[PDB]
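A.B. asks: Listed below are the residues making up each chain.
2 protein chains.
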Amino acid sequence: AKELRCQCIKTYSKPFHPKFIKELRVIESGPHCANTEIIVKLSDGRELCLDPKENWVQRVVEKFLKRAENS
Amino acid sequence: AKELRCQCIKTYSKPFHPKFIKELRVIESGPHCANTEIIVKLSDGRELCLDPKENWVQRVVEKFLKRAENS
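Chains as they are written, first to last, in the authors' numbering: chain A, 2 to 72; chain B, 2 to 72.
It is possible that part of the hints are untrue.
Same chains, same label: a pair holds when it works inside one copy or across any pair of copies.
[To be verified] The list that follows gives simulated cross-link-like pairs (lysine-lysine, DSS-like), each with its CA atoms no further than 25 angstroms apart:
(1) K15 x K42
(2) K3 x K64
(3) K67 x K54
(4) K15 x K3
(5) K23 x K3
(6) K64 x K42
(7) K11 x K54
(8) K15 x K54
Read the hints as simulated data drawn from the structure, not as lab findings.
One chain only, chain A, in its complex shape:
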């Protein structure tokens, strides 16, 4: 219990399409973060962090849910 950083320190400043998203990850404020961070994983086997502060993020992410649900 000394110093803990959020799971996401930076974000992605480039809107994309869920076509590259295969796995979604959302972590609520934890003992390391006092806020909320929406993480994601690309099929290429990579992991990035999005900022819910951007409208395009709420969209590309919304589509992923509507796509994984309709599947």
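Chain B: place on chain A using the hints.
C.D. replies: Chain B in isolation, oriented as in the chain A frame:
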């Protein structure tokens, strides 16, 4: 490329409250699963699988998003 099982083979048949949920995980149909599975992680450091086929799942999960977003 021989045999791959879905990330979630079983599900939870007991509705609960997002109060125990700290991290959410959603994996769309992959090379191992031809469908969609909503995984989740409890603060206790455990991981289970929910079935979007249940209405209470769409609710406790919906609250998590509305809670992590309002935070």
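A.B. asks: Now, for every hint given, state plainly whether the structure supports it.
C.D. replies: These are the hints, each one checked on the structure:
1. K15 x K42: within (15 angstroms within a copy, 29 angstroms between copies)
2. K3 x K64: neither (39 angstroms within a copy, 31 angstroms between copies)
3. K67 x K54: both (20 angstroms within a copy, 14 angstroms between copies)
4. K15 x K3: Neither, since 34 angstroms and 37 angstroms both go past 25 angstroms.
5. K23 x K3: between (35 angstroms within a copy, 21 angstroms between copies)
6. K64 x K42: both (15 angstroms within a copy, 23 angstroms between copies)
7. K11 x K54: within (13 angstroms within a copy, 35 angstroms between copies)
8. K15 x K54: within (13 angstroms within a copy, 34 angstroms between copies)
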